[PDB]
Each structure stands twice: as structure tokens, then as C-alpha cells.
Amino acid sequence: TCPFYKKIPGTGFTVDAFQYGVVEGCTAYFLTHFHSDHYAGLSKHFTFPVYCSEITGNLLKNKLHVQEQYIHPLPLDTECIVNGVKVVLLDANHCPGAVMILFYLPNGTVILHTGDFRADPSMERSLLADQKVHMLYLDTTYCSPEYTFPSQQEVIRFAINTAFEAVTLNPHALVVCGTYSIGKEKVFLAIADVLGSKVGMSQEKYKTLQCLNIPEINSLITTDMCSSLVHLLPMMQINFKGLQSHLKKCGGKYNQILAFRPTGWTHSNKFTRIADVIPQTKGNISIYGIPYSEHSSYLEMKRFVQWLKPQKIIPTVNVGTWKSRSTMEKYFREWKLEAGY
């Protein structure tokens, strides 16, 4: 049964609630983004209206075979009426196609559902600037002050400089990047761009990327692995055994692998600066874990909330333990006392 924090009061709507069967009272199912913990349950046999971004709706039709007549894509930054309720979709700064949803309830209440997001000061000048928000359904993934990480731009600078040095030292080095979902495409695209190469990958992953409306993509990716020196592999294969096996398959074209695992946070964040990050090495294989996050840090989250000044916060992540829930509530009260709302 569907948990309360997936239900929008005063409407017929749910958010990211496809694994519960037919939800009683639901007339429209919203999907914030195409990540499996959120789409779990969708398939070609789904026959209720699904509301989403254009990019999410391309992935629904092509990857999950949802029939077209049930996909209702909405443009971003545009007031739309759904089953008699005004809604707006906003960019969530998460993975491609990911949105936050503003609901303007018939009684005057305004609710923001962040989906998954990485808060940014640019959001303070979207359509959120223009009215009061009463209730915030908040992505609390990293809601504790230990969670610090660098900007995406610093992490990509590290990656490009590391790859360009290695390959200029050794033109027979292969670069490998791990993936298991959409998101984080800048990692492998920025490295292929500095090297003058396309990114090579499986037909299944090429198919996924072709649904993303990324400009000039035909110029940047390929299924011809032999023509590429940046390869994408499943995240599970980014270990010394998996990479040794891959290097065998390349037929003596290469004699070294430099590999990247874009993690979110890891405890090596609490001690070490990005500049100081080092790989794990075995023979001619090196693996870098790089802290490329598509979720808010603690400080980014706190800034957004202190700017928005909601009357009520409903966390959507870390809600399964009493210790987590008590920790989050304590920070919410701090933020409200410091800012004065």
C-alpha cells in the first residue's frame, strides 16, 4: 500500500507511486524522473494517464513500451491544467528529464514536490519566486552536515585533466567509465571531448541515450567500440577482474586502463579535497572514485529551504528509521529558527 508521502492531498494525484497496484482515488499518476526506484511497476500493460517531462515520456515509450495514448508529456516552466488542477514542471537539476512539480490546489494551498533534486541558487529565479509555498515534499537524501562534496564543474575539471594527462603520456591507454542508470552523462562526454573520440557503448545504452534530447549527440556516442577510446561499461564491471577481462577483449589495441566510478558521497569526502583524490591501482589498471553528485549537499539543501520558507516539510528519503526521521526534524527546526520564518 502506498505511503502517505506519495499522495497529494486535495487532489486525485500520486507521485512516483507505480508499485502499489491501483491506488484508490488516483486519477493521474505523476513520474518525476526515469530512475528504477521511482518508475518501479510501469510497463506496456499500464492503462492510467502518466504525467511527466518529454524526455521521461520518450524513455517510457522506448524502454518500458508504455503505450503512447497513456503518456502525457508537459512542457517545462508552463502553467498546465490537469484534471482541473493547475500544475507546473520545473527543472530538478538531477538526471535528464527530471522535474519538480508545483501543484496549485483548489483551496489556495501551494505544494512543491522536489522529486530527486540538486538544489541550486538558479532555482530562486524560476516560477518559484512568484508565490508562497505552503508544503514542501523534500529530497532529503543527504540531510546531515557530514555530507559535503565539490561542485560538478570542479569534479569534471579533475576528470578531464586526469584523462588527458594519462592518454597523452600513453596513447595506448583505454579510458572506461561506469554507468547503471541515466544521469552523470557529463563525466564520459567531457572526457571523450578532450580526447577527440566518441564514446563507445552497448546497443541498449546507445538506445537510452538517444531518448535524451542531448544536442549534437549523434556526434558524441557510438556502438562501434573499435573506433572509440572511451568505453562505457556496467558499474558492476568497474573492478580489477572486470577490467582485466575487458582489456583482453580489445585484441592488443590497448595496454593500460584508466577507469572512473562516479559515486555520490563516500566518507573519503570528510578528509580529502578533490585535488588530492588518488586511484586504486593493480598492475596496468587504475580506478578513480569521483564524488559526482546529482543530489543536494547539506548546505545546498539548507539554502534552498531557508529561501523558500515553507510552512510544513515532508521528507521523501531516509523515512524508514526513527533515528533518521528525528535527525531530519531537528535540522528543519534549526533552519527555521536561524532564518526566522
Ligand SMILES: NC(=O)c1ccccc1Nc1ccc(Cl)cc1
Contents of the next structure:
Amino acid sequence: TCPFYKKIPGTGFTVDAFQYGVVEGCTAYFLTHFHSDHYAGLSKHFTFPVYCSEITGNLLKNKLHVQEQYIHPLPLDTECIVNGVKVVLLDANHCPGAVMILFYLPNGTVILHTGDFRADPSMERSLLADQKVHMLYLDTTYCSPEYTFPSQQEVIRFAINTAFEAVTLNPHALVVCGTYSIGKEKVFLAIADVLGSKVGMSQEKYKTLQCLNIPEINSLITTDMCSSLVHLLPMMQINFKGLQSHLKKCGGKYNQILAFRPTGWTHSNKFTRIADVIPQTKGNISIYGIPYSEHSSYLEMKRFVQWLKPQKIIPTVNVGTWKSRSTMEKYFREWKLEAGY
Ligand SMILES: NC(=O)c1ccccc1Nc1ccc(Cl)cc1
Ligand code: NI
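One more: the block was the form deposited without the named molecule; return the form deposited with the named molecule bound.
Starting with the chain above, the whole complex follows.
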């Protein structure tokens, strides 16, 4: 059974609703981004129209093998008509190809669905600037004031400086970066650039990256592990056992590993500043957890909502518990009161 918060009222549309079989009355299925919790249920045998970004469409065709006849890519920042309803896709500042969707209902109601997003002041000068939004379907992943983390720029600066220092001190050190989905590509691209290397990876991960429309990508990545001093591995392998095993396979080219695990928020954010972050170390292996978020912090979310001033908010994350739901509702009321709205 499809939950109410994935249905767009007054339309034949659903958002990120592929795991419920045939949804009654749904004439078009929207997909905000290529993360598995959102595409769950899509496969090569799907036979209904899917609306999405160009990048998401590349991944559907090449990774999930969805037939081309059912994939409907739309350009960003452009008014489009879908089954008689005006829609716009906006960049979500999440992972590559991730969008927010604006729906202009026949009755005059306007709905924004954020998908997954990291709110930014630049969104205040998108096509959102024009008009009023009645309903906001909101990515509430980190809707609580304890959720603080640095800018993506500060986190990248830390990674680049850490990697460049380590490898300049020891030219026989290998850098390893963990991954389990698209998103957070800047971490490994920025480290490789400072080291004057391509990023080496599996054939499957190389395929995925070739779908993302990243400029000059052929100059940045490779399947030839031997040529590269920055390697990607599955996130599950970023531990002392997994990294020891990998070092053995490199045939005496390297004698040290510096590894990075990009996480979201962790509790160590409530104690430590980014500049003060230290690794876990065992012998010749060191592992840094870095707080590289592709979701809004509490403060970024609050600013966005107080700027937009929607009439109604519908959370799409943390909706499973009464405690979570009551906590979010109390923050929404605070924000409204403080705004003078
Ligand atoms: N869920 C809601 O819609 C809501 C509930 C309780 C109190 C306020 C609310 N919505 C809101 C908050 C802040 C702003 Cl700026 C605009 C709308
Ligand atoms: Ni996501």
C-alpha cells in the first residue's frame, strides 16, 4: 500500500513509489534521484512511464535495464507539460541527477516536492522566487538542532590537505575512498586532482560514473588500478581487515594506506570540530570518517522553510514514529511563530 506522503493530490502522479505494485489511478511515476530506497521496485520489467532527470534516466537504462520507451527525461529549470499538468524540475543539491519537483495543479494549488536535498541560499533565486507554494513535501532527515556539520567546501579542504601531506611525506602511501551509491564524488575527485592521479575503480563503478555527465570524466577515472594512487572500494571494505587484504593485492607497490569513509552526521559532530578530526590507526593503516553531508543541516532546512513560507508541510523522512512526528511538528510551529507568519 502506497503511503499518502508519496501521492500528489488532484493528479495522476506519485513520487518515488515503485515498491507497491500497480498504484491505483497513477498515470505517471516520478523518480527524484537514483538512490535505492527511492527506486526500490524498479527493474528491467517495469511497463509504466517514468519521469526524471537526464542523469537519472541514464542510470535507469544502463544500471537497472529499464526499456528506453518507458524513460521520460526532462530538462531542468524548464516549464514542461506532463499528462496535462505543468511541472518544473529543479536541482536538489543532493547526488548527481537529483531533483526537486514543482507541480502547478489545475485548481491553482502549487506543490513543491524536495525529494532528498541539501538546502542552499542559491535556491532562493531559482524559479521558486516567483510564486507562492501551498504544500511542501520536505526532506526532514536531520530535522533536529543537534544535527550540525560543516560546509562541503570545509570538508573537502580537510581531505585534500590530509591526503597531500601524507603522500608527500611517504610517496609509497596509497589513498582509498569508500563508496556504496552515487553521491559525494567530490571527495575522491578532489583528492586525486591534488595528487596528480586518475581515480582507479572496478568495472561496475566505472560504468556508474560514466552515466553522470561529469565534464572531462575520461581524463579523471580509470579501471587500471596499477596506474592510479587513489582507489575506490566498497564502503563495507573500509576497515582494518579489508584494507590489509587490499594492500596485499597491490604487489609491493605500496607500504601504507590512508582511507576515507564519507558518512553523514555522526555523534562526534557534537564534540569535535572538522580541523580537530583524527583517524583510527592500526600499524600502517589509518581511517578517517569525514562528515560530508548531501542532506540539509537543521539550520539550512529552517532557513529554507522560513524563506518559502508554505501553507502546509508534509514530512517525507522520520515519519515512522510518533516521537519523531511530534518533534518535527513542534519545530515547524517554532519556525512559523519566529517568522511572524
Ligand atoms: N505541518 C505544518 O504545516 C505546520 C504545523 C504546525 C505549525 C506550522 C506548520 N507549518 C509551517 C511552519 C513554518 C512556516 Cl514558515 C510555514 C508553515
Ligand atoms: Ni538520497
